[PDB]
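Quick heads-up: it's one chain on its own, the form deposited without its partner chain, in structure tokens.
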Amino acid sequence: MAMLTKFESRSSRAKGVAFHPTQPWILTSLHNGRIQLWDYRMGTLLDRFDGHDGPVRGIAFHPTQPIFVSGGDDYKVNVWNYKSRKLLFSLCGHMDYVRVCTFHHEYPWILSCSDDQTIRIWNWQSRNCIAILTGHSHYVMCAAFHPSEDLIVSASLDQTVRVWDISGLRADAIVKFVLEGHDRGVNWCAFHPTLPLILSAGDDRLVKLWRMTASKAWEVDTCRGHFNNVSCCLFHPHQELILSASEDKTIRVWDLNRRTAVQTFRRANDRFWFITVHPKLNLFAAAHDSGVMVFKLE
């Protein structure tokens, strides 16, 4: 498998990247607190957004509205309009670093999670927190909405992945499954677009695959090969492949069915912090210690 890099920014450490679903843009959020908006077809910086002190780890566009959300070490979840370029409002509630923030695909909700050991769901019309999901015993490093069902999945340094039932919201927001398996903290978790599969990545240097049904969830298999903390992982949406990204300075591609290594891509000096896939193109982006890259595979 070959990597074809289409865009690269040279900057201080980047922590988050988000693809716009129809414009050729990415947002990048940096460890220095700044947010950039780049056109990856022209290769040019379009806008800068400054509304945080310290690192900004969470960043996401709304899937249809001209909004994006950012989440910071200053505990704020900020909502912005990219046409007016204004910071619209700041959602107050978290009491420690925000690790991830995303929009729901249908409801007017934002999800965020935090070192304060909570996941929060916010309604961006009323500007209120509508649920606080508690139960993790350490930082919650990641949370994601299920692509169709009223479920959330989260990953924590308490070494667990949890799946939450939020149908009551839509107790009420309650843990459905507590997935034990990682023997170290978990840094990331992700749902497959269509199948009942979860992927998680941890400080044990492993990527694990899990399967769920209505009544139960269990560990399927493990991708072994990273030699440092795995920061992020995702399902390739158009091939039976798993992608992972690690502080060992590699992006790895694995076979979804066999869990065997397919390809490794390596940078000489840069730890990887985050990877994402475009919602409608076969385009990927990674954030690392020296900026961001957008790339195709094969």
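Numbering follows the first chain given and starts at 1. Residues that one form lacks are left out of the comparison. The term rigid core refers to the most C-alpha atoms you can superpose between the two forms while keeping them within 1.5 Å. What changes on going to the form deposited with its partner chain bound:
In sequence order, 168-170 is the sole run of at least 3 residues present in both forms whose Cα atoms shift by 2 Å or more between these two forms once the core is superposed.
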Contents of the next structure:
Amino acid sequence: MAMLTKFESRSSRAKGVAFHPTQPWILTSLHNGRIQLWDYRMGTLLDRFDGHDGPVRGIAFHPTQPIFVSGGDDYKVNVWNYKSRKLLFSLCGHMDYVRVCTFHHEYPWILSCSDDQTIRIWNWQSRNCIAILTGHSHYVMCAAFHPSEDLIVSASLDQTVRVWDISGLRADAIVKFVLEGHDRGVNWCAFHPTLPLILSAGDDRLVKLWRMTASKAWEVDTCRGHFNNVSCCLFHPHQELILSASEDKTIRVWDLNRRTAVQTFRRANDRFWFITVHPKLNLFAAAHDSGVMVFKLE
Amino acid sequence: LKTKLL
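Now show me the form deposited with its partner chain bound, since the one above was the form deposited without its partner chain.
Okay, now the whole complex, with that chain kicking things off.
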């Protein structure tokens, strides 16, 4: 597989990346506490937002409104309007670092998760917390909404992946599955957009694929390779492929049905922390120690 | 005492 690199930012370490739905922009949230807005067509730094102390691990655009959300090691979830260029409000509530934050695709909700061992759901119009999901016994490193069902998947350093039934779209939330298999902490999880599958990535250097029925869930297979912690993973939305990124300085592509290696991409001296895909285009971004790369695959 | 700081 070929990587067609479209843009590379050079910066201090980047942690999060978010693709705008219609403009050729990405937000990149940095370890230094700054949030950068880049035009990746021209390669221009359009703006920089300063509203956190310490790393900014979570970053996401709203799908239709001129809003983005950021989440930081200062424990805050911040909501911004990028047209007016203003920080609108802070959702404080988390009691330790925020690891992820994202908007729901339809409801006026923000999802966040934290080292405080909770996943929280906020209504961004009323600006209050509407749900707190407890159960993990260590940091929650990742949480994500299912694209079509009332489910959330989360990953924790407690070595489990959890699937939560959220119900309460209309207690609010119950744990449906607890997935054990990783022998070390789990850093990331993802839903397939259409199949009942989940991917996870761990400090065991493994990416695991799981499947769900209405009543059961279990481990399908393992992507073996990576020689350090696997930071992030996702399903290719248009091909039967798995993508993963790791502190071993590689992005790897694997076949979804076989878990065989397809391609490895390396950087000389940059650990990878995060990968994402554009919500409409076949466009990917990866965050690493020296900035962010935006690329297409074959 | 904390982990995953990078």
